[PDB]
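Novice: Given chain A, work out where chains B, B', A' and B'' should sit, using these hints.
Here is how the chains run, residue by residue.
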Amino acid sequence: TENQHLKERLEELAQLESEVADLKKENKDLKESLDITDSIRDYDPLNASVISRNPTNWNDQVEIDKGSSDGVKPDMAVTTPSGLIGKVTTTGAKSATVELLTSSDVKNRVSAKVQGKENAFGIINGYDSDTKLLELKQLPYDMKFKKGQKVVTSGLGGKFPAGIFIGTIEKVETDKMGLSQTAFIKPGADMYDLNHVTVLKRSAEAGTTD
Amino acid sequence: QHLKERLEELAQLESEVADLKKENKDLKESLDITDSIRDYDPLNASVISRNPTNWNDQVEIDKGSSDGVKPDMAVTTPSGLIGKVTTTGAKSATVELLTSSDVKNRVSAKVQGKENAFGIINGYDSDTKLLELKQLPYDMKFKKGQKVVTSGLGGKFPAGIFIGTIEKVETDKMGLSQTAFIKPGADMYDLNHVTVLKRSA
Amino acid sequence: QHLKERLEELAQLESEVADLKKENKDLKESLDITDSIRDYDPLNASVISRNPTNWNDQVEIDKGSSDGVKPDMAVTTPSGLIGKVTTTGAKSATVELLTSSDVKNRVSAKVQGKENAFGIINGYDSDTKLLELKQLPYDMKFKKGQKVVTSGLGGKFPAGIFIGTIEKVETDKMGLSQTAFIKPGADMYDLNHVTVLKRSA
Amino acid sequence: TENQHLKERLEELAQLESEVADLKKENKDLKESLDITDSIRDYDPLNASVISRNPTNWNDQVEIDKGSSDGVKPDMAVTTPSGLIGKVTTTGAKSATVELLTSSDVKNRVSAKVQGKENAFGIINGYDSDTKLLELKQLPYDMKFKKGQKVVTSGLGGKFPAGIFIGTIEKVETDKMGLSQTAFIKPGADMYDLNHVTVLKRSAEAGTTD
Amino acid sequence: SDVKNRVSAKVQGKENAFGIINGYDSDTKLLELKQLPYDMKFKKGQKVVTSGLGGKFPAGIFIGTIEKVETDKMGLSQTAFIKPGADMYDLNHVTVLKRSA
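Chains as they are written, first to last, in the authors' numbering: chain A, 74 to 283; chain B, 77 to 277; chain B', 77 to 277; chain A', 74 to 283; chain B'', 177 to 277. A prime marks a further copy of an entry chain.
The shape of chain A in the complex, shown without the other chains:
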C-alpha cells in the first residue's frame, strides 16, 4: 500500500506541479506585459514552529517561534502545506500568537472564494467542534454549489494573499431569510496537531474597506 497508490500519486502529483509552474510562469509574463506589480496573490513566506499550546484552549490558539524581529506582524496568514490554519494576533520580539480557524471566537473570520465555473464570495465565520466544519456565510442565493468545490482566500479582507486553500464544501443550505446560502466546509489542513507552519506576508497593498 505504501507504493501501490503513491506510485500513481507522487507521480500524478508532479503532474500538477509542472502544470502549475508553466501557468505560473505564463502568468508572470502576462503581468510583466501589463504593468502589474504586487498582485493580489503574491507573498513572502516565513517558516516557523509551534512552541506552545495549552490544552485548556487547544483549538483557539498556538504560539510560534518567530516574531516582530523576524518580520511577523498581526493579521498575517499562517498556513501549512495542506491549507490555511489561522492568522497572527499578537506579536512579541521573538514569538507570536496565532488564532486558529477552529477558534471559538465568534468575531473570527476570513474572506473567501468558492472556485467554480463561476466564482462566489463569502465570509468564513464559525467552527463546529462536533461536525468539524467551517461556516461559509453569505454566498449568492441564486448560485448553486456542489459538494467538493474548493474554497480559497479571496484577499478581499485586505490582509491575506488570495489563493490559499481553506477547505472543501461538504454541505450546503439556505438561511432562514432566504437572502443567501451557507456552505459548511471541511478544512484541508488538520489543526489538531500542529508543528511546522508558515507565516505569509501579503504583497498586495493593504485594504481599508474592512
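It is worth saying that the hints were derived from the structure and are not from the lab. Every residue gets a Cβ at the ideal spot worked out from N, C-alpha and C, and that includes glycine. There's no promise every hint is true.
[Stated by the list, open to error] Cβ-to-Cβ under 7 Å is the rule here; a few derived chain A' residues that face chain B':
(1) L86
(2) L96
(3) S106
(4) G261
[Stated by the list, open to error] Taking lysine-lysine and the BS3-like style, the derived pairs with C-alpha atoms no more than 30 Å apart in a straight line are:
(5) B:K249 x B':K101
(6) B'':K210 x B':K249
(7) B:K146 x B:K210
(8) A':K220 x A':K80
(9) B':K210 x B:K104
(10) B':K104 x B:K220
(11) B':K98 x A':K244
(12) B':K101 x B':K223
(13) A:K244 x B':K249
(14) B:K146 x B:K104
(15) B':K223 x B:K101
(16) A:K167 x A:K190
(17) B':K190 x B':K244
(18) B':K97 x B:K217
(19) B:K97 x A:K98
(20) A:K97 x B:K98
Specialist: What follows is chains B, B', A' and B'' alone, placed relative to chain A:
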C-alpha cells in the same frame, strides 16, 4: 513517511491551477485591447479590498495619487466600463461601481444607432441585474441588442467606452422620454484586474 | 339605465389598447427589416396554436403547402431566428423552435469574429435559458458578446440569420473543442407574428 | 350620482374608444403593408339571446336562439360587452347550448394571456362558487403578478379569437410543486343573469396542436 | 505515437476550417485531422497548414494534403486523413523557426 508529505499539498495545487487559469485568461484579454486604448493612457490595477456589506457599491484598487489616479477617472475591464474613481489616497483608491446603490451616481451615455440618442445611466436593480438608461428621446425607436457606450458629454469619461446592451425599453409616465434597461457588459460581481483610464483625449 | 351600458365594456377597451399597442410595435419592427431581407422571399404568418404541454418545442402557423411553405425553411422574427418548418399541411404548418427539447434538433452556426469559427447549435437549457453552441475550434478565443448567425452549411437555412449572443464559453472534457452558451436574440416565449424565409438564395 | 360620475366616465370612456379606433386603424394598415390576413384577433360576431336556463344547472349552461343555420358552431366563443362568458357546445338547427365559465365541468378550459410589461400564458380551468373566482393555472414561476392585471384569451387553444377580456387577477399563489404559479381571477362579465349575448366566429385558421 | 501530440491546423479552402492534427497511422502513413466543421465539404487535395491558434507555431507552415475525409460517429464533426508533405523517414538537414512574428 512521505505518505502525507506531497499528498496533502494536493488540493492546494489543484486550486493553484484553477486560479492561474482564470487569471491568465483574463490577463490575456487585457493585452489584446491594449493598443486598442493606448491613447487613453491606461493604468493597470488590482482590486485589493472589497467589503461584503457594500459589495455592489465600491471596490478598492492598488493605485492612487502618486500614480496619476485622480477622482472621476473611468475604470474598466476588457468586457466593459465598471465605474469611476472616487476618493484617492497615496498608493490606493476607491472605485464607485455602476452597480452602486447611490442614487446620485450617474454616467452620460449614448446609444449607437441609425440616429444617436443620448441618455443618463442612473440606477441599478439587484434583481433584474439591469442598468437604468434614463432620458432617451420619446419618439425614437430602440431595439433589444443596441450597444450603449459613454457619451463624453461632461468631460469626465472618454467617449466610446462600452457600457452594455439594450435589454428592455419602456415609456415613462410623463410621456416625455423613454427608459431602456441595460445588461452591463462587464461582470462586476467578480473583479480582480482592472484598468484606470488616465486621459480622455 | 346607461350606468352599465358603456360602463362594463371598459376593461375590455383598456385591453384592446394594450394588445393593439404591442401588436403595432412588433408589426412596425417587421416593416423596417422588410427590404432588409426581401431577397429571401419572406412570408408573414401568425401563430395560430401552441400547446402548454410542449410550449417550448413547437408552434403552429397559418401558412402551409399551398403558400410555398416547405419543411426545413427558416422561421424568424425581427429580433432573431426562432426555428424551422417541420410537418406541413395545406393551409398551415408546424414550426420546431430553437428552445425545443428534441435532442436531434440542430442548426449550423457561425460566430462572427476576427476569425470565423463554425459550430453546431444543439441544445437548450430551460433554466439558464441559453442555447448550446457545440464544436468550436479548441484554441480560438471567444468573448462575451460576439454575435452568432446561421452558417448556411447544409443548404437548409440562408446564412446571416442572427441567432443570439455569446454569453459563456467553456472547454469540453475531451479537450478537442469549445462550447459557447448563447442568449437567443428572439423572444420565443411570446410568439405571435412570424416570418417564413422561402428562399435562401 | 347618475350624472356625478358618468360625466367623468362616459366622457373618459369615449376617450379610450377613439384611442382604440386609431390604434385599430394603424394596426390594419400595418397588416396590409405586410401580407397579413385573418390575424389571430379577427372575428365575425353574431348577436343572440338566452332562451332557456334551468335552475338545476344554472351555472353550467345556457341556451341561445341562434344555431347551425345561423352559422353557429361548437367551440365558438360566447361573450357580452363586459367579458367572455363561455363557448358553444352542442348545436341544433336554430338554437344551441353554451357552457359557461362558471361551469362545474373540470375538463372545461380556455387558453389565456395575462397582460403586463411582459405577457404570460396559462390555462383558465376551474370555478369556485364561493370565492366567485376563476383559476389561471400554469403561469411561469419566475414572473411576478400584481392584483389588477387583465387576463384575455390567447387564441392558442385554436378556437377562440385572441383578445377577449376574461377578468382580473385578484389573488396569486405558488403551487405545491414549486414549478408554476396560479392566479385567481374575477370574471369581468356577470354570468348570474344572462340575456343578450354574442357568438364569435374565429377568423384565424383553426389549430390542431390541442 | 504519443497520443498527446497535437498541432493546430487550418484547411485552405473557400471557407477556412480549423482542426487539430492529432494522430499518425504507420500503415496508411496518414495524419489525423480531427474536429473539422460537420457540414463543410472538403475535397482530396486541399492543402493543410498550421493555424497559429495557440501561439506555439507560426501560421502558414505547410503540413500536408487532404487524402480522405469521413464523418465520425457522433455526427458532430469530420475527420480528414492527411498525406504529410515532408518526408520524415529520412531526415538529415532541418530548420528551426525561432520566431513566429
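Novice: Could you run down the list of hints and mark each one as holding or not?
Specialist: Going through the hints against the structure:
1. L86: holds (5 Å)
2. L96: holds (4 Å)
3. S106: Hint holds; A':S106 Cβ to chain B' Cβ min 6 Å, cut 7 Å.
4. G261: holds (5 Å)
5. B:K249 x B':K101: Answer holds: B:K249 to B':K101 is near 18 Å, not above 30 Å.
6. B'':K210 x B':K249: The hint holds at about 15 Å.
7. B:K146 x B:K210: holds (27 Å)
8. A':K220 x A':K80: With a Cα-Cα distance of about 27 Å, the restraint between A':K220 and A':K80 holds, given a limit of 30 Å.
9. B':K210 x B:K104: It holds: about 23 Å lies between the C-alpha atoms, which stays within 30 Å.
10. B':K104 x B:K220: Judged against 30 Å, a Cα distance of about 14 Å means the pair holds.
11. B':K98 x A':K244: At roughly 25 Å apart (the allowed maximum being 30 Å), A':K244 and B':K98 satisfy the hint.
12. B':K101 x B':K223: This hinted pair holds, its Cα atoms lying about 24 Å apart.
13. A:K244 x B':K249: Answer holds: A:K244 to B':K249 is near 26 Å, not above 30 Å.
14. B:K146 x B:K104: holds (27 Å)
15. B':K223 x B:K101: Holds. B':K223 to B:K101 sits at ~20 Å (cutoff 30 Å).
16. A:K167 x A:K190: Given pair A:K167, A:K190 is violated - Cα atoms ~44 Å apart, limit 30 Å.
17. B':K190 x B':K244: holds (18 Å)
18. B':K97 x B:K217: holds (14 Å)
19. B:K97 x A:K98: holds (12 Å)
20. A:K97 x B:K98: holds (12 Å)
Hint violations for this structure: number 16 only, all remaining hints satisfied.
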